[PDB]
Structure formats: C-alpha cells, structure tokens
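If you want the building blocks of each chain, they are given just below.
Number of protein chains: 2
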Amino acid sequence: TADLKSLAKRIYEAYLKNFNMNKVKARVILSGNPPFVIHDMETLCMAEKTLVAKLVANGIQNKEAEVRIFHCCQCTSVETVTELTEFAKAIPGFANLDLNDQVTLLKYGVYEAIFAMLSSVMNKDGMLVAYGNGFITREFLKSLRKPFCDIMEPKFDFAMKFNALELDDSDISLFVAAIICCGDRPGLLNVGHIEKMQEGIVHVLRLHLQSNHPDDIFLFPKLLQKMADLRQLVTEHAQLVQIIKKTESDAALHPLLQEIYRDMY
Amino acid sequence: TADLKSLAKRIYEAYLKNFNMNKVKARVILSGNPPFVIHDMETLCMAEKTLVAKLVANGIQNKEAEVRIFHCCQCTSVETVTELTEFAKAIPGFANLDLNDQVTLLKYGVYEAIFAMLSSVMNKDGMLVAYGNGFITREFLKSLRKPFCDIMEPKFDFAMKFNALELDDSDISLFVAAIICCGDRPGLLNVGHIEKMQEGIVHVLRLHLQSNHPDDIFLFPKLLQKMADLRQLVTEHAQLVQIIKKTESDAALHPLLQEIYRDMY
Ligand SMILES: CCCCOc1ccc(C[C@H](CC)C(=O)O)cc1CNC(=O)c1ccc2ccc3cccc4ccc1c2c34
Ligand SMILES: CCCCOc1ccc(C[C@H](CC)C(=O)O)cc1CNC(=O)c1ccc2ccc3cccc4ccc1c2c34
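As you go down the protein sequences, you meet chains A and A' in turn. A prime marks a further copy of an entry chain. Under the deposited numbering, read the first sequence as residues 200 to 231, 236 to 468, first letter to last. Under the deposited numbering, read the second sequence as residues 200 to 231, 236 to 468, first letter to last.
Rather than coming from a laboratory, the hints here were simulated on the basis of the structure. Possibly wrong hints are sitting among the right ones.
Any copy, or any two copies together, can satisfy a pair, since identical chains are not distinguished.
Taking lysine to any residue pairs in the SDA-like style, the calculated list, with each CA pair at most 20 Å apart, reads [what the hints assert, rightly or not]: (1) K364 to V281; (2) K364 to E286; (3) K364 to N221; (4) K425 to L321; (5) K358 to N221; (6) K364 to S280; (7) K358 to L258.
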C-alpha cells in the first residue's frame, strides 16, 4: 500500500535523522579521523586522554579503569535515550498517547532498542565507541576485572546472531519502532490503543521484510524471537547493573538511568 | 598553557573580526531595523523589493521566485568565501603553506564551514538572511518547487542537532579552523606540514572544549563526528547543485562557486 510503504519510509527517515550512528556509517568506519584502537590498558588510557580528557584529568583521584569505562557506557545510554525519545514521535499514534504511557513505553523499551542498535557497531572482534572515534576490542572488554567483564560478552553473543540476519537501516528502524510499541509493558493505562499502534507498526514491519528480504521467508518470526531475546537480555543486564551498584561504590549510576531501572525487573 | 589559551583567543578574535554574523548577534535578532519575516510568496516579494531591489527590477523579465532565492543563496556563499579566506590567516601555519595548498584547503573546507556557521542563524522555525534583516521560515523553503525545496531541509536537520550542543562562538571559531585544517583533502602537496598544523588546532580545540564545557565529556568526539557529517552533507549538496545546474537553465552558477565545485565530488 502507498500509505504503508510511506509509513516505512517515514520511520526510516526518522531513524536516519535522530540517531547519530547508523549501520551504513558504522560499516564504513569498521572497514577502514580514523578510529583509535583500544586493545589494552595503554591504549585505553591514550584514548581517554584524547576523547574524554576531563574523566582522566584528576591524577591520583581518577577512578579505576573499569569504573571509567562503566561511566562512559552510562553516558552513551543517556544520549541514546534522548535520541530514542525524539524518534518515537514518528511512530503513528505514539505522540497521541497519554504522557504517562509514553513514559512507560520508553522506560521498558529503551534498553531493548539500545542493544539492538549497538549490534550495528559491533563485529566479532570489537565495537565502535565514542561517536565512531574509537574501536574497543572484545578481548580487552573480557579482560576487565569482575564484574565489569560480565557486562559485555552477552551483548556480543546477541549481536553476532542478530548481524547474521543482514538487516539494513530500513529494517532496523521498523524493528526499533516495534520494540517501543509493546502493549504488554507493565503499568500501561490505555493498553487497547497501544495494541492498535503496535499492530500498525508490526504490520508495516512484516510487509517491509517481505519486500526487502525475499530470500528469507522466516525473517519476520526470527525478529519476533529476537524481541523476546532482547527482553531477557535486558532483564539480565539490569540484574548485573544492580550487582555493580551494590558492590562498587565508585560506579555511581546516572539519575536518568536509575529511574529507568527503578521498578523494572 | 598560556600559548594554547592565547591561540584559542586569537582564533576567536579573528572569527569575531572576519565574519559579519556571529552567534551572539544572531540570537539577539532571533529573540526579537527588525527582521522582516518571509513566510509566503507575498512576503518574499516584499522583502526582495526592499533588500535586493535590483534582482526584481526587471518586470516580466524577473526570474522565477525559486531561481531568485537560489541566486541570493549563491551570493551569500561568495561573501562567506571572502570572509573565510581572511579568517584562515589567523590559523598558525596556514599563511606559511604553499599558495596551492592554501587554495586546496579552502576549496574543500569552505562549504563545510558555511553549513557549520549557518547553524548559528537557524532555529527550528526558520533562519536569518540578508545580513540579519530577514527571517525566512523553514516551511516556506519546503514549499518551493522541486528541486529547490530539496536544498534546505538537510541543513536544518544538521543545524538542529548541532545547535543542541550549545556551542558558543569561542568553540565554533576553533571548529571552523579545524575544518579548514584537514590534511586528507585530495591534491595536497605538503601533507605533513598540514597534518602538524591540524594537530595544533585540534589540540587547542580539545583543551578549549574541556575548559568551556565541563558538563559534556563527549563533546570533542561529538564534534569530530560532526566534521564527518559535514563532509557528507557537502558531498550531497554538491550533487543537488549539479542537478539544478543541468536541469535549470536560469539558475546560473557564480564562477567562483563553479571553481569550488569543480573536481570536488
Ligand atoms: C556490552 C557490549 C557493549 C559494551 O558497551 C556497552 C555496554 C553496556 C552499555 C549499557 C550501560 C552499561 C553501564 C547501561 O546500563 O546504561 C553500554 C555500552 C556502550 N559502551 C560504549 O559506548 C563504550 C564502551 C567502552 C568504552 C571504553 C573507552 C571509552 C573512551 C572514550 C569514550 C568512550 C565512549 C563509549 C564507550 C567507551 C569509551
Ligand atoms: C539550506 C538551509 C539554508 C538555506 O539557505 C542556503 C542554502 C544553501 C546555500 C548554499 C548555496 C546554495 C545555492 C551554494 O551552493 O553556494 C546557502 C544558503 C544561505 N541562503 C541565504 O542566506 C538566503 C536564503 C533565502 C533567501 C530568500 C530571500 C532573500 C531576499 C533577500 C536577501 C536574501 C539573502 C539571503 C537569502 C535569502 C534572501
């Protein structure tokens, strides 16, 4: 349909406008101001002095390396929350929802969207960081002391299988919109209107995958499963973050993310 | 360092001296000879009769409205090229470069600088024009016939995110200097000296952002990404201008801008 093709294009354009990183851009960088490679402690500290200088400008009062990394991770999440919040306005019906339902959908959806989109900047060896200006190796992240090395590998495991689906940005934009439109989120006021909004987005996603990936007749049910996998990945991630919060006094959690996690799992 | 703080101040002062519009001045006007508002064809024609009278003094031989606007756009670029060329003399090492390298750096840099600086006079509803004496609405520019309505919106999209960084003129001056000092421009003779000049400016920019924006530890990598975004914005802009040149006989391109675009993309 013209209105359904147009809806898919509108969501794709809103994704291209509101997220600083997209998959085409990420793959250009990942192929080879080129990205500084962080693969050990020396190169981590070098990258920090150039890319987050204030974070390491405190001398002997600088935090432990793992805590500095954790802080950088949190800051990226706060930025993506801002991007996701503006993107959601392109979803038909989202801006017509009650303000409290908009909050609830974004609360439960943002981390599922975050890890879906982080797949775009990950390969089997590492990931882009710092607005495309660093590449940090998967092995270096595994080398961090517990519990910080435990954040990383489950997301790589998810991303490698997600990337094997060979989605492009036109697919991922609709997938992220579908994540945001989940009517079964706890605490929703107008569940019925949200289910209809969801049905509309999922309908556009199904038709789009049919046109864009004629070679994979299971791609839509596969992505439905990936949405469930992401919900579980986020539940587990929240649990690990709570361990870090309780056992690592220096790993302070940003207030916006504290509110997202609050009463989640 | 005293010499690095002084370098940042020197570039800021050169920016204040050489560009007719700056962000403080622009925000004063944009808040409210006040700016005449161009929001439709009637008010466009009124503004033209006062601000560019010769352009509409030909009666039935006047060009189409979209072509007149395109001509005004080009004239602003020619003026900014003059301003940028004098500004570049404040960059340490630029005036010591070979004349041909100075030309090459300005050739590839001016339109990236132009769209970075135009952000200062843009808000979500429109932009200042005509030396602060007009404000033209974003919706009116979208209303122009194709292909002229296609020039405008990508620059607003860039500017809204660029302006959300809340840079001031002391930041933007160093950013524009960094744009001009790109050592990877095609055809450079003394790449090594240019990379050292670039390193010096980028070093001053990094330290300045650290001092001036202690609240945003990612601001430097964000601006590195904006430089890449601007390069792509300019590539796309050159392509659209070439379409207009081929398909619109009345939209003659000024010879100086023709030389800038020649062998660019
Ligand atoms: C898991 C596999 C991806 C690893 O990444 C994540 C992990 C978790 C989350 C969710 C967070 C967890 C606290 C949240 O619960 O909210 C987010 C990310 C994104 N992490 C990053 O983008 C990132 C990483 C490591 C770094 C190391 C050195 C660096 C130097 C300078 C700038 C950097 C910017 C971004 C840097 C970075 C930087
Ligand atoms: C894109 C969003 C900004 C729109 O603007 C641009 C677009 C492109 C470029 C680059 C040009 C394209 C050909 C180049 O490739 O070189 C430059 C600009 C600046 N454009 C302007 O400053 C501007 C606009 C529209 C107008 C409408 C009516 C007017 C009446 C009287 C005086 C005016 C002065 C300046 C007027 C004006 C005037």
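**Asked** For which of the previously enumerated hints does the structure constitute a violation, in increasing order of number?
**Response** 7
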